[PDB]
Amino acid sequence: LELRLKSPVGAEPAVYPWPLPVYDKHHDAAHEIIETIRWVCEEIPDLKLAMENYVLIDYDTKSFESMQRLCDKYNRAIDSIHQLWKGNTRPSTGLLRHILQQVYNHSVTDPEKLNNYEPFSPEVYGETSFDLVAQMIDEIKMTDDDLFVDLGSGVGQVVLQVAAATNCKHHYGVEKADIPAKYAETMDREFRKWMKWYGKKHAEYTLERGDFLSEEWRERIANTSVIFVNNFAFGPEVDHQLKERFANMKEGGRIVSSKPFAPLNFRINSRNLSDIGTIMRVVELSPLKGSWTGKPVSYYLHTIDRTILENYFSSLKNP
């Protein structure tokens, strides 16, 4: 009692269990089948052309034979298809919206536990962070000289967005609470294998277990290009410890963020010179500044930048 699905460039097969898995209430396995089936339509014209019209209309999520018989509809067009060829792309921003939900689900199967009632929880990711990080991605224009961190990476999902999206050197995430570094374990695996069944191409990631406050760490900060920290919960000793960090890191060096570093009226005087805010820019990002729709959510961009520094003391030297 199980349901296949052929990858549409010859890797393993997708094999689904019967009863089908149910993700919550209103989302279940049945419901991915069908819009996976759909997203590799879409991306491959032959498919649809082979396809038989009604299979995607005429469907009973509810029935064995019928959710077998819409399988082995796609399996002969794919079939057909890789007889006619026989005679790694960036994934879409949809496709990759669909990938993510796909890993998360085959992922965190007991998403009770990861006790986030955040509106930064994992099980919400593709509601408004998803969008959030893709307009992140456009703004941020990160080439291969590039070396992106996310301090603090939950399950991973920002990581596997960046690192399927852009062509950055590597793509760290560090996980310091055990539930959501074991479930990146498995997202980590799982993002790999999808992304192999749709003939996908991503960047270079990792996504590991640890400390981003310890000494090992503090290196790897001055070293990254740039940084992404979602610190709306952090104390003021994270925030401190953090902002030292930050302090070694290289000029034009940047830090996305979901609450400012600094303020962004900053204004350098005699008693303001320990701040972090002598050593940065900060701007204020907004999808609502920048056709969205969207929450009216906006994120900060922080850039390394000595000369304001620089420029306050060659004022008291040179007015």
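Numbering follows the first chain given and starts at 1. For clarity, a rigid core is taken as the largest C-alpha set superposing within 1.5 Å between two forms. What changes on going to the form deposited in another entry:
- The only C-alpha among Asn223, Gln241, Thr128, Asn167 that moves by 2 Å or more between the two forms, given a superposition on the rigid core, is that of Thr128.
- Relative to the superposed core, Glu118 undergoes a Cα shift of 2 Å or more between the two forms.
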Given for the second form:
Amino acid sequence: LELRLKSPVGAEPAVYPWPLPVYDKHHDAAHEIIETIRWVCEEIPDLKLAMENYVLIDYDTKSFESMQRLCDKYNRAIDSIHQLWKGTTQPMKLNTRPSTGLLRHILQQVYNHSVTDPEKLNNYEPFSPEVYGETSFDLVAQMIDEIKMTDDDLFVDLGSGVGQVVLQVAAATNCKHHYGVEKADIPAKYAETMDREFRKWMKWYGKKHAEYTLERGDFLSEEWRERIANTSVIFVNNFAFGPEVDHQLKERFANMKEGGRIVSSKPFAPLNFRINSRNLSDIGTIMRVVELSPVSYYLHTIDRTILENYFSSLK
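Given the form deposited in one PDB entry above, I would also like to look at the protein as it appears in the form deposited in another entry.
A single chain, with no partners or molecules, comes next.
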């Protein structure tokens, strides 16, 4: 007893067992299935012509025969489109990145299949750097929209949790490599399933992502000092890290190259910082800081021009 969804690009079919799993109050797998079908129809205009006669909202999510008919209608449309491509028509171009709406659906799908008990994420020690909170898809999308990233960039999420910031950026951008590093056992374990589910689903949709790695580790380790130094774009949700960890992070950031960037939920230097004789050791001497469009996040850019100009002025 299963439901199967053929891949538009001919990857292995997505197979669901029946009954379908319960996710939470607001989401179940039957509606994920319907939304997947709707999204593939967005992905492939010709699929709409084949599917346009069926009213999706009219099926019965609680009935197996009803959902199996829906899946079979979709699979037959996929076959028909595949025959169209065998003829004069040109197949869908591979290597494309997903549209933002599709990517939001993919990550929700990856998350719901991956994090089985989301309440375990709340089991952290309070008032410690392990306090867990998730940056929303929208904030990450706004960051991707507000900062340039190219194949010359290396992206790191420090304290990557279950890894969904890394996946989103890897799907949306050209960075040479994307990484995230998570110390705590519970999010790091989930991130292994997230990694697996993401590669499977992206292949099933026929969408491309840049290269990425989700690692278990401690970003304060001796090995991570050099890796931070060599990173062009750092994302860190430091909201709960506290002064000692933020101070350790400032020391690492101080080895970054000119033009290196840090996006954080709490600023590492004041926005108004004015360099003078008293503050010369502050990290504000080496970086510009601006608030991203407002929950506020901050973009820091390594600029030693600030410190260099203060010394030239003393002469």
